[PDB]
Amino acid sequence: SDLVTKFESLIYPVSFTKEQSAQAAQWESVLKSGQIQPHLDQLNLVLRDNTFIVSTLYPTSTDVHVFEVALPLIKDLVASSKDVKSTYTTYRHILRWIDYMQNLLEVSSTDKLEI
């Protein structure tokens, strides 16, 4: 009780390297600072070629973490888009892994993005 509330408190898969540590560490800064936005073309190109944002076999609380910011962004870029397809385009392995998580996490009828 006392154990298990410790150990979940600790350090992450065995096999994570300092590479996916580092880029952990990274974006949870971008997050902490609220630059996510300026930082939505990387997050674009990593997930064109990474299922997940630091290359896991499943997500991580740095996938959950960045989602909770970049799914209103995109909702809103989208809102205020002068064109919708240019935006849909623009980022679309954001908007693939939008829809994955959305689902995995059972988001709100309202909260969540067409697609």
Contents of the next structure:
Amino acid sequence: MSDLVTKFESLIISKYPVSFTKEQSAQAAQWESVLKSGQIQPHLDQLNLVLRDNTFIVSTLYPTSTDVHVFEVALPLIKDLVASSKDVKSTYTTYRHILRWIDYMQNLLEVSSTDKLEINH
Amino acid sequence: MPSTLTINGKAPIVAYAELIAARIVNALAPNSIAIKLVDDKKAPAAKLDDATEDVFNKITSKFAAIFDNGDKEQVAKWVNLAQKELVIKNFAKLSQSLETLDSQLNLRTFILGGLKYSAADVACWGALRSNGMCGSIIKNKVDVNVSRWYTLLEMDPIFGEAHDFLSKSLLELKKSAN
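With the form deposited without its partner chain done, generate the form deposited with its partner chain bound in the same format.
Following is the full complex, with the preceding chain placed first.
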């Protein structure tokens, strides 16, 4: 259905298996309906809370597709707001969990020069 | 033929890092190392063939094809911390040390930053598993990042089933006698 769904399945891990608890199923549920409405942005703060405790969106050992679908819509919207930041170094501290998640997956899916996000450290 | 890693079940700090390194090598290069258990309080916590000192380094350097990523110098930094700092059962000292890690992990999924773990991640997770003081500090996440990280590696059976292997093994040691 898009470019990045391809390069994810070019990778050993799609692949599998999971899996899925009563908990985990309902999680990737609300994160797909969020995308359906179009209201990613006004849920960044949730995503960040979720990403604070869990390494990946649905508490899995490796990224699921959800971790890519969301990342596709998230990446631009984040890097836009890092431009328009006045402090940023707030933004950073305010959204450090979405930031380490991006940094992981953008290298996992070999995003171009582009595209890619600064990422200081 | 393999090496013999012998680890001790009555040891005050149980050599989980070493058990976990052995299991990785075995997972990729079968029969490289034989694991042996010994319940006995007058016995080193770990033994690789003959060596008792520096056992983790020995395993890690030997199978350098499996242990390659991460700047050597830097894996040394965090193996040190792990071995001499995350074992100590003294909440005042720990907290400081866990903070160092928790800051290191801010914009990271793994300690040294890669797309997959390194020896550093092994040395540390092991240390924290042996030291049961750290159980409560997680489980209830004083250091959010550290709790997220540790929780991840837990899901990998090479890490999170390391305990059962030990429990099972010691069960068999009592059978083979008795």
